[PDB]
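Shown here is one chain on its own, the form deposited without the ligand, set out as structure tokens.
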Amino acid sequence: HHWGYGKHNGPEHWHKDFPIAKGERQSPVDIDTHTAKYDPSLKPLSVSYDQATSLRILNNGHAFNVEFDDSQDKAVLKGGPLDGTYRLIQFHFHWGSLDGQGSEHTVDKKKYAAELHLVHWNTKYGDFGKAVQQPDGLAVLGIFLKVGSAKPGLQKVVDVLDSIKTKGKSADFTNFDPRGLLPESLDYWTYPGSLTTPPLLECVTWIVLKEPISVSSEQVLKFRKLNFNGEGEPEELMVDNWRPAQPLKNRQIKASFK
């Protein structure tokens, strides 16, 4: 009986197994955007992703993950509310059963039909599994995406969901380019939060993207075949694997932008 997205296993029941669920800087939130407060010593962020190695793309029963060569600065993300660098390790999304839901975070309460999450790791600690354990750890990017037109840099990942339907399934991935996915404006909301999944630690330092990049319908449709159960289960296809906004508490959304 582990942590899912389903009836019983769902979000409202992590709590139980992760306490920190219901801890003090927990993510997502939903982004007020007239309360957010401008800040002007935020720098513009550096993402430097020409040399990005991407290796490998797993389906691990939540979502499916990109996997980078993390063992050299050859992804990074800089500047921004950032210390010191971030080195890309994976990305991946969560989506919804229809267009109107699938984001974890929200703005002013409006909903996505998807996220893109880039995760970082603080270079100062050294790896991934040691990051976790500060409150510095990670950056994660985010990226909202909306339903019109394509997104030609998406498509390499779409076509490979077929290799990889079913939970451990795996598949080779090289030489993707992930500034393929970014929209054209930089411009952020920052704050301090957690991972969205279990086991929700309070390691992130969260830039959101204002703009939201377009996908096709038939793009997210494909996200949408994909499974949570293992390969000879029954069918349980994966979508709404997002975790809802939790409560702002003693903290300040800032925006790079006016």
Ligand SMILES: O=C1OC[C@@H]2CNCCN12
The other form holds:
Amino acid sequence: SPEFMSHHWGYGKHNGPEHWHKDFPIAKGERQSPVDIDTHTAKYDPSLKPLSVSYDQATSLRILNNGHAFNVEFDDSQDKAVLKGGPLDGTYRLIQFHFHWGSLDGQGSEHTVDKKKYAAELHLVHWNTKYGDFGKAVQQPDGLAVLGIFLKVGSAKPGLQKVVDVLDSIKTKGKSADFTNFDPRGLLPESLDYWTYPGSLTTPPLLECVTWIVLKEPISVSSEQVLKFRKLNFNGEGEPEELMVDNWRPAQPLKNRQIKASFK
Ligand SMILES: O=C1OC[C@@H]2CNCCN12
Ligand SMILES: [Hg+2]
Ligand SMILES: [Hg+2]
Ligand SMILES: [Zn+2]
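So that was the form deposited without the ligand. Now I'd like the form solved in complex with the ligand, please.
Full assembly next; the chain just shown is listed first.
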């Protein structure tokens, strides 16, 4: 049971975000994520470029319940699924995506917009090819680019359904399954308008390597889709059930950072 045999970071009362600094001191660092996006402080930057999403040749491989979310993993041994343009210099390869979500529809996102919490947030994680591999990229201030997409509850997202339907097979921590031919273009909204700022990954080890690109337009998913997320488990098989919900970190201090908008 959580925190009895040993301690591990998580999202509970004894090991949640407010505790993470005890094992990962960078949790109190100068470029932590997520942040609140104050729409009356972020300035339009006309030097930013349109975001170039080239996911046509993506190769998904597996889906994994890692005890704090599920990752959909991709073959990143070539430039098969890349993010370019905008604030980015060069080419960033997609390695995985995952979500953060709530126990109820009024919370779940990590970023907020004028303090608004969405029901969930999708993170597509990419690494800068100039550093050769993800592990070297996460030793650099421009090593990663994360495309963040808000989810609200409304109409269903057809391109999400294949994800929803596989979750029964990865209910518990450590379970993985084959998950080929998944097209992440089915998770995008219509507009690629975005905000951008320098930050970190939002789970330990909280690495301060990320250029965040947060889309303004949410995607809609149905109540039934997000309910299926909430049937996942943080625990392993044969351990008592602890539902995988509220796996989000709250907003962190902006400090001296600037949030830029791609749109006037
Ligand atoms: O994010 C927002 O929202 C309002 C303002 C418009 N100009 C771009 C930056 N802003
Ligand atoms: Hg974990
Ligand atoms: Hg890989
Ligand atoms: Zn994330």
